[PDB]
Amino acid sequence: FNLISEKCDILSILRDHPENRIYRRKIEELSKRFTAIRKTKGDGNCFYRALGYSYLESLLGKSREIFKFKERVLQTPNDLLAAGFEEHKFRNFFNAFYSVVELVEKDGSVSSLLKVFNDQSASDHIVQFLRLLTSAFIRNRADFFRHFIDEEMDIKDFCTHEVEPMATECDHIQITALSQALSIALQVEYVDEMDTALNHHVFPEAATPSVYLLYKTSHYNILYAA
């Protein structure tokens, strides 16, 4: 469980980490709404790996939701080609992601899903797929995403260097692109109330996110609603 941990009670964030006790107030509030966390490896990939795992986990047993998600996934090869990705280059990453979608579709357990996401090779192929889809999404909407980058930076160069490569850290750009790309309603909770970084992924309670992530200093763990 080196890439995605077993569940820990939310208050482990305080009990195990003296360094977090300054965030006691936020964590104790979150503990009213969320019961548990899974920890993700801090390797530059944690957003993609957290969102992939958490969303597929959210689908287990929801056969209609799985069906509609499989349809979106079967369309992604065309989105990738429209963005200039050749099939022979994305095939193995598509196949890894398709495989874990079929695992969830065929009754699939949390245990079997965790095993794929803790397999370095399978998990990193899934992350690479999610990175290419993120890049494809941004490239296809250069006009929109152009607003959020460095004027001197080309959108294609941003994607080449800050989205496609493994271990490249996310900003709100990649979170927006991937969530829109797969229609994953995501909510990000912050550990640190004093962190001023604008949150583009917090909505009112009445919204129905699939995935809740817990953010601190470039790192995203998975949250479980109470």
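Only the largest set of C-alpha atoms that superpose within 1.5 Å between the two forms is called the rigid core. Numbering follows the first chain given and starts at 1. Shifts are known only where both forms have a C-alpha. Compared with the form deposited with the partner chain bound:
Comparing C-alpha positions between the two forms after a rigid core fit, one residue in 168, 187, 199, 180 moves 2 angstroms or more. It is 199.
After superposition on the rigid core, the Cα atom of residue 12 is displaced by less than 2 Å between the two forms.
Shifted segments between the two forms, defined as at least 3 consecutive common residues whose CA atoms all move 2 Å or more after rigid-core fitting, lie at 15-17, 19-22, 193-207.
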The other form holds:
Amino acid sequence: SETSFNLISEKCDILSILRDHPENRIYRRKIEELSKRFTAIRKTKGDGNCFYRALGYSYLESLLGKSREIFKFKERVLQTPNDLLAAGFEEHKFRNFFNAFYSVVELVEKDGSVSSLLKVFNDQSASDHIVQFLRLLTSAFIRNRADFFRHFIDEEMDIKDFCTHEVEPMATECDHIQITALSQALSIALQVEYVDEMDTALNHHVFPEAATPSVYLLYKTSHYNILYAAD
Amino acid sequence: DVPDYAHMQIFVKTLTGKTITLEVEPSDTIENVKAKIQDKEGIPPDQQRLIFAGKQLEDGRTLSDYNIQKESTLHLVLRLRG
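The structure above corresponds to the form solved without the partner chain; please give the structure of the form deposited with the partner chain bound next.
Everything in the complex follows now, all chains and molecules, and the chain you saw is the first one.
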């Protein structure tokens, strides 16, 4: 079983990504600015699942060695089947995905390492199963609160159709709704750094607002990579 | 000089549950509204998507174009597709 980094990459110093923008002064500037607050980066595969894979890996990675936080998160993960049922998902259809996620949580709990966590998230089948579970849990969160979220859907699209076509299927890109829904579904405090090609100041968004994030993501060229904050 | 009584307030709701109140004119464009949201919330206009009764609001149009009246409520989501 050869070591792979095709889905979640090895961690490099942050200024490594200057190499991705050799001739854009704006990107270079923004990346230099990022380096004041962030020391390193991990890339995720550009397959449409980047947000879900990134959030899952980085949040689990942030749990390593934290027995108390791990236990409290495990208790929450145990209640998620009830969430899925309430939204009309069927146990026999969500079983393998919930199983994959609970298994990786247990791996972290039983004194896991970064190295073993990476092995799971770089295993195509187990990694995709974790993503699919996160997708379903996101869909369930929205469906169970359809009266709130329906106001935020455009082209006069039904909530249920939205979840069916733009949350549940693998490789469908996330957006604000999905992001804040998953964050809330699992209580994962997340910060997104927004980096575009406009000659502007940097900005970020925190979910939920004014929480101390456990996960930092870099949003750039419609893609999500993982950032590591300085001490 | 005759008074203009068209100035009104509209509301903008966000995914955090917060309601923003805006000072607008029926002839304001959606960009103008987005600019006003930026002044209040610090969200760049380019990152804003505005929705009224399930219909996305296009930049060059006006509030009156969408029959948005006094005390109407709009919905705001960020553009974070990745």
